[PDB]
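Presented as structure tokens, the chain that follows is alone, the form deposited with its partner chain bound.
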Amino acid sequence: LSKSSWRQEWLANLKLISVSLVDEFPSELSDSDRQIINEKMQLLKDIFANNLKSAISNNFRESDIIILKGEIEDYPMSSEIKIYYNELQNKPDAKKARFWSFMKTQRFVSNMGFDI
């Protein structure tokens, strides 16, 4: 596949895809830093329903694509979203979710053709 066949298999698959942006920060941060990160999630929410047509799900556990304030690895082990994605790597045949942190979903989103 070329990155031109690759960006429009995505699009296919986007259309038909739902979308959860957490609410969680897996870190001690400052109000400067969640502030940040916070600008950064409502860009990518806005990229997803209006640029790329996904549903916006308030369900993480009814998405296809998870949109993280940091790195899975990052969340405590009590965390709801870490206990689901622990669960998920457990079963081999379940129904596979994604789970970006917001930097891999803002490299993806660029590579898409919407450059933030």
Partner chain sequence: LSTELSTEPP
Contents of the next structure:
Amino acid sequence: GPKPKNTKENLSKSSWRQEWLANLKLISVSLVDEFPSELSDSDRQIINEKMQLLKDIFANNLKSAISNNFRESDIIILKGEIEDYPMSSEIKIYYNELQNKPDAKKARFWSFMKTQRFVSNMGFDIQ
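Got the form deposited with its partner chain bound; any chance of the form solved without its partner chain too?
The next block holds one chain only.
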């Protein structure tokens, strides 16, 4: 059927989308398994299901590589916000190793909530 084509998209937004679509095919993404803090079993299952959906979109629609080693990934998707992770967590230790790297190439850390909004804005029907 007819493909959606937003004739009202301005150049800012269409350029943002174009550059993201191109860049996403070049990177490695990690959907990190570690939770920042304790949560009840049923609440962890809800998060895991959301992480799996994001994984499928990144791998299959956005064409990113998916890794189990977050130290090789360009976008690191977390099961909470970075401030939720304790200093003892390697996610926080690595984040701290990168914080003062003035290196535009360094990894970015996104909660699953932040990631879901990004994917929605890229045109996918997600929660």
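Just so we're on the same page, rigid core means the largest C-alpha set that superposes within 1.5 Å between forms. Residue numbers count along the first chain shown, from 1.
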query	finding
Of 34, 91, 61, 53, the one whose Cα moves 2 Å or more between the two forms after core superposition	91
